[PDB]
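In the block that follows, a single chain appears as structure tokens, in the form solved without the named molecule.
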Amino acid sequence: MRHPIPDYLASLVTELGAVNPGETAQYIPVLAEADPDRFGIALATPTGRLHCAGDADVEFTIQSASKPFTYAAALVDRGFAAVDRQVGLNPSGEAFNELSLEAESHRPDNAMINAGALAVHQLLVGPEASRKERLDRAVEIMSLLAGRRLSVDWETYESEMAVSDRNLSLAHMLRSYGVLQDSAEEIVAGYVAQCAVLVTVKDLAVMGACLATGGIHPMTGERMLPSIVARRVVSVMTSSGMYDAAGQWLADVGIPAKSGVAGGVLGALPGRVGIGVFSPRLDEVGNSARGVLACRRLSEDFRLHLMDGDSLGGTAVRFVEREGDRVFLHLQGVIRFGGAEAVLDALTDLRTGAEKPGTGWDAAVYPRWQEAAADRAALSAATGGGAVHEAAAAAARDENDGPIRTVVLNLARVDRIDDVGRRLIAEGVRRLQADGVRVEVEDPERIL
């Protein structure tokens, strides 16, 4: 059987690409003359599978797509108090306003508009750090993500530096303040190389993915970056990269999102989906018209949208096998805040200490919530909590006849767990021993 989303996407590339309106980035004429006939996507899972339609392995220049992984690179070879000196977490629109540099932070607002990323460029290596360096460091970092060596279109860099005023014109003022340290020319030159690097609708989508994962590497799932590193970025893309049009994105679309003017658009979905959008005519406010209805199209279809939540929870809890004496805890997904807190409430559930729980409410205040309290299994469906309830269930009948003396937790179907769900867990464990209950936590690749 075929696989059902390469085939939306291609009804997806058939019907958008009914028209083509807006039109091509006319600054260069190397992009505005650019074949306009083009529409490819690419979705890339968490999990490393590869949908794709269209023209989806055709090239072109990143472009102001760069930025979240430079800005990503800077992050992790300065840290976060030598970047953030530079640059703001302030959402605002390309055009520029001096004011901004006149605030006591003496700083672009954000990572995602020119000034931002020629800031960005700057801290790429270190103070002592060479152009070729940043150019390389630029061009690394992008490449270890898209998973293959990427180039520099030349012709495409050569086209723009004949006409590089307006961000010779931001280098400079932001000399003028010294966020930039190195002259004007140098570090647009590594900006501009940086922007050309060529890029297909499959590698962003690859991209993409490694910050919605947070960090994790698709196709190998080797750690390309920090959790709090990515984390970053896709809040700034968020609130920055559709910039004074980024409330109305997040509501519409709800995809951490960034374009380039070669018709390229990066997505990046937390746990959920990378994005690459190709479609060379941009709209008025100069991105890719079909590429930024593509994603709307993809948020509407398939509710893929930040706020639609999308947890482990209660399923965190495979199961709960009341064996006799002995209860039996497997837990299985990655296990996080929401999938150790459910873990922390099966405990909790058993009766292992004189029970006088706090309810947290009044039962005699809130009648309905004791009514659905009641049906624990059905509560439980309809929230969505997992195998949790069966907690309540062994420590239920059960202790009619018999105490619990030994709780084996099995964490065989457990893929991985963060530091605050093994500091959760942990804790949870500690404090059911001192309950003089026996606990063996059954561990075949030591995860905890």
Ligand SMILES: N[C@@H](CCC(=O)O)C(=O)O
Contents of the next structure:
There are 2 protein chains.
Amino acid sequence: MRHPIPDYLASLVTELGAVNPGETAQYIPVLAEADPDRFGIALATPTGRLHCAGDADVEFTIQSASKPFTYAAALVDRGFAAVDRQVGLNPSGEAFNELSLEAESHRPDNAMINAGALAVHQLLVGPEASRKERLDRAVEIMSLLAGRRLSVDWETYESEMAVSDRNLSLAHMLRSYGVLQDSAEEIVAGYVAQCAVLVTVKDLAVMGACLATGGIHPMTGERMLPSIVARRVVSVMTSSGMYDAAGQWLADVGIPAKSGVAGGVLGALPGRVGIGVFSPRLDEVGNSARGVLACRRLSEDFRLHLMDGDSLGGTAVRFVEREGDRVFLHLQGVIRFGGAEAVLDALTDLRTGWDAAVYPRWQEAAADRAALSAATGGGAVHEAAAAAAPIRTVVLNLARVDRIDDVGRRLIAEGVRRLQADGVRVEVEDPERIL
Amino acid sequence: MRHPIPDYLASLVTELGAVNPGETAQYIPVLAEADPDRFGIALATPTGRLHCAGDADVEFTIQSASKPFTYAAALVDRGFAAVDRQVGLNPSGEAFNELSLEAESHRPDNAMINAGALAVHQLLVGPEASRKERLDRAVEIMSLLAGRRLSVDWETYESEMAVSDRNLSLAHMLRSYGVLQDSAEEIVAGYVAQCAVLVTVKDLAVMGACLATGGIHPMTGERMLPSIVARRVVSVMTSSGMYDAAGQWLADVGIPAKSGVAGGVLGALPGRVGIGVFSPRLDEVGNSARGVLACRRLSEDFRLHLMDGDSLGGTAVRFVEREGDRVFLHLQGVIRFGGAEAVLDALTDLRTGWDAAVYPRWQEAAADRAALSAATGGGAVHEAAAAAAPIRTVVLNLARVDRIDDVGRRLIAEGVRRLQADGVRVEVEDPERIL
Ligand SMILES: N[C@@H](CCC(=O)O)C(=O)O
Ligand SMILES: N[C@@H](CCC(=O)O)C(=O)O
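Alternate state requested, the form solved in complex with the named molecule (shown: the form solved without the named molecule):
Let us now look at the entire complex, which starts with that chain.
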């Protein structure tokens, strides 16, 4: 059959395309004369699927939506310590205040606002890196997530470099407080090229997806970024991506996202989906009108909110079989704290916090563990307590476990270490050595 | 064996308990003379497990950590429209500015700051509700999540009511802009009692857990709040819970949390865990010092970050068996967009977005779907494409699916509707009618 998601994408494009409020970025000639009658949208899933509709294969400059990529690239090249000394974590409106830099800190508020982006571009490769290297580190980091070699639209670069007075101002002010080493024109030029990189609504959906999964590319399964770096970038996208309207956006939508004045919008909901939207005309605060609306919809119709839980839970426990003398534990999925934590409940729930008198209700509910389990979501863990409803051997089957982060390994290891201590054998049937 | 989490909780209490910086709330006599040598912590899981350490069963006033409960209660009693007209969604520092209310809006910035809390207390039952009802609606909503009838510590209430000049000021100012109907003293009194409700570090962990799961109580599986309301409350806790330091907190920790000046801290990470911490002494901005640190740790050691993905993904597909003429699909877990979306991939992947030439790398990776699957986390969906590696009947087994939200139902329904349209039989073996 044909997948229903792309069909949904097409319906949304037609419904919201009935109109076209706002206007194109007027502070640059190349973006003013752009056709406002375009509008695409893509959804890239963690697994590797890509759904689309409308003008999702038309190119446009990534502008600001490029900020989380260079922040991520710079974090890897210099590490947290070095980047944090120049870029803060406080949300702010693009309107620049010098008091930002007078603080004991001496650093722009965050990496989503121009001042913060200029500081990040300056940190790109190292202290002795040339102008030319930083700009390739930019195009490179981005290109590695989009999946292909990207290019800079010099026509836009030149158009913007001719009227880049504001940014030069932020760059100078920054040098004044020692946040920038090199020259103002040098970092501005590199920053203005970085924003001139061309992407399609689809690339953004795939790039957003890399950040969504913790640094894993959904089209190859190859780690592009460390989970810890990808985490922070999505953290700052959420808290400062929509500027002073971030509180209202985190509640109204739930999708960490940065918008570009060329019309593009990037979205990345941790562990669920990379998003890309494209619609030239900008609203009253500078974002992509139809683009920002597209996200509202997706978020309401699919409950794609950051606060809408979607864990594995006890579902990490495929099943618990007490054949007779030995008990078999088969794990499944991607095991992190959530899953490993449930495993530890299973293991403990084999015979190897509240006063029942005070909570008659909780004891009753507990009496029926199968019922209380489905109402809550702990897969087949209740099958452990049921196996013990002597055990001399426990088998940990890991054939169905896609992967397990460090925290899971340690937690399940410790779990194993504590069983043997009980005079219980423990065989870990783990084929593709993952443990 | 003994579960390793509580042991970890005890280690953390001893390690971080080596010290005790800051001091108790000095603007109230009853909280100034409180013993600073106490410190507990609890973790309530979605499934129904409760882990503890230290003074987790000692009572203390919930103060501000009560704000998300009354905001949630008021949202249910009056609905979004009515509450949003009085309470905004913008983050802010407790330092009050009158320009907040001059805006076209005429409403405090958010429901986590005193002004915003006073406005929420005023909306508690209805326009014709008495002073006495609102205060019970407060204690009630909270008590229903903690799992037991709670009480107001009048000793603290009286102590604070004697020096409640600041709050009265916020209350008056609000009446001035028409955000409060009743009297200033009336709402202040009710608000000061609401903060005098006594909880233990454990109750907070269970209460945080209700919000964490989308409104489902982890100790009974009974829905206490609508998923949509629980969502917003966690959204505003995240964006404004830590005030002007929320950007740095969302990155440094990732756990939506509100602190109380009595020493308690509430945490609620969507779909993973309810948290409770208790440590009388407050730091330089008013939060619980050791309490705020406890959260930092938990978040770093267990990767309990809001941005650290933890989905079900393709793991919703237990397996795909092509016995021969018919194909069997067994689903599992709690199915939302994430899971339902994978099902639709399975169904479509039975023979009933990118240019391969451009992405040689992606085609290679795709060639080995089993490998690309484990690197990414899509359970056993690749088993569908493998079944078709004619099909006249497809069986949807739902015995292992704990539950499925509205979005899942519609998505899997549509999926079903599109298969039959292909001249394919479709039997949904779903025992406890969930579909
Ligand atoms: N590329 C623009 C930024 C566009 C935006 O703010 O989205 C600039 O450097 O000024
Ligand atoms: N109960 C205190 C608030 C404490 C806090 O801000 O955490 C008050 O009403 O002023």
